Structures are given as structure tokens and as C-alpha cells.
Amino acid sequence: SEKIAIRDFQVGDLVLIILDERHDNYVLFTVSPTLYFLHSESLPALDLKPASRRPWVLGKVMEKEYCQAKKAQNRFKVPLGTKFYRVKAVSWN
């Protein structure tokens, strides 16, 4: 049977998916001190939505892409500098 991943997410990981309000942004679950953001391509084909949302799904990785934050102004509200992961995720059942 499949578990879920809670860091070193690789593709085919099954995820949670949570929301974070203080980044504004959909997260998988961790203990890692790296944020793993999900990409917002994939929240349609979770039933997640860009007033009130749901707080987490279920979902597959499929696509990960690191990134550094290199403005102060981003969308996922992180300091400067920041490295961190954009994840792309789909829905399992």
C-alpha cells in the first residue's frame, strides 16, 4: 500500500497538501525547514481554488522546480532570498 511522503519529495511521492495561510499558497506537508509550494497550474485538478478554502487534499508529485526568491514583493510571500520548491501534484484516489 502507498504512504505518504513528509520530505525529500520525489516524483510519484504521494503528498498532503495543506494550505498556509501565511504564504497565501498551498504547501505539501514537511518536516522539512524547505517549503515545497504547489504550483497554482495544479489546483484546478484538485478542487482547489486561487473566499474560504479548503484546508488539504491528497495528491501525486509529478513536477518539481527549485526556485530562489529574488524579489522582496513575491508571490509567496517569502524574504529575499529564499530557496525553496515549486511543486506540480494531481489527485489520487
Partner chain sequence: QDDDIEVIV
The other form holds:
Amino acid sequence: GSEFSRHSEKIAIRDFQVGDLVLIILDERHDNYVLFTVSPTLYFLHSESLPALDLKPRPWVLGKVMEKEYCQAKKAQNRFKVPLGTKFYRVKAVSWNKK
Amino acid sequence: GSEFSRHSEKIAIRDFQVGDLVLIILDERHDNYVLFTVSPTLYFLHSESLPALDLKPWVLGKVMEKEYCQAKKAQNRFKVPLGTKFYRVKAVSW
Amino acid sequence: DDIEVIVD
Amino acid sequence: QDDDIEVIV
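Mind sharing the form deposited with its partner chain bound? What's above is the form solved without its partner chain.
First the chain shown before, then all remaining chains and molecules of the complex.
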């Protein structure tokens, strides 16, 4: 599939759904990988997913969304360095080459 | 296309077509902005389009035109070898 | 318990 | 300005 094609996957940028191809980037101020998004909402990569993406706490990779959970920070000191009460998503993902 | 669909658009990364949403990034090696792609082929942002995207010598843009080009001098604006084939893309704001 | 899942 | 390149069609 190297010739011109009409139904190639494209990268999701908001309202992420299971199966979406996504661009996963390091977010410096949160010391965590995040989905590239145009949303104001943070979409953090689940820690369980980094080994499937060849990542260690590198710039960017492509993955596929497997799960998303809507979360709240319950402590001022938390794993995502967000303020108390911040709402965000945590996303499990696998490598782009899974169907 | 419909309004909803226009809002729910996704970023093209290969086989770029007029109307595609694309991610534009600076490629310092080639002294130019390029489209983010998983293709081996280079898609440069046309100089005419930098101001439209609030750029001055990443951003999201919409492809307006594309031109297929070959480097005819070894010293060229794109820092590619003589004979390299590539595209130049005109884009507008999303 | 630093974070809480609202909806999965 | 399009001297270092040629458009191919």
C-alpha cells in the first residue's frame, strides 16, 4: 500500500475514540506523555502503555487508542503534576501497527 | 462537506489532497516548513503561505494546492540533492 | 489514590 | 525565484 490511496488512517485530534490513530508527545510541564490534541483537556498516556510504545519517561510516536478514562486529581501532589481538582483523561494506547 | 464533519476533521499524514487538514512543522535540515508525513516524500510549505499561517522566517493548515517539483541546482532553497523530487504545498489557515 | 476515575 | 527547481507535470 505505497501508491496513492484514499482511505489511509488520519490522526485524531479531539474527542478520541477506541481505534483512533494518535500522535503521542512528551509534555514537559507534566513529565508525562500526552496525546496531541486541539482540546483544552489533557489526555495523558496511561503508564501501562509505555512499554507497548517503546517509551521511557522519545519526542513522539504514533499509537492507537485502546481505552480512555475520565479522571480527577484528588491530591495537590499527583502523578500528572496537575492542580487539585483538575479533570483530565487517561488513555491506554498500543503501537500504530495493531488492528 | 457538512459542518459537523468539518469540525471532526483528522490530520492527513500521506497522499495529501486539496482540502486536507495537515500538521506543518519546521524542518531545520531543509531550511523550510514541511508537512508532517509518514511518506518518504518531502512536502514543503510554499513560501507564499507562511504569512497565512502566522509564520515568519507547528501549525495546523488546510491544503489549497500542491505542485510536484525537481531540484535543478545542487544549491537550492530546499537543501536537497540535485534531481530530488518533492512537492510544494500552498496552505491556508484551518 | 492521587487520582480518581470518574467514568471508564 | 523558482530557478533552483522545475515543476514537473
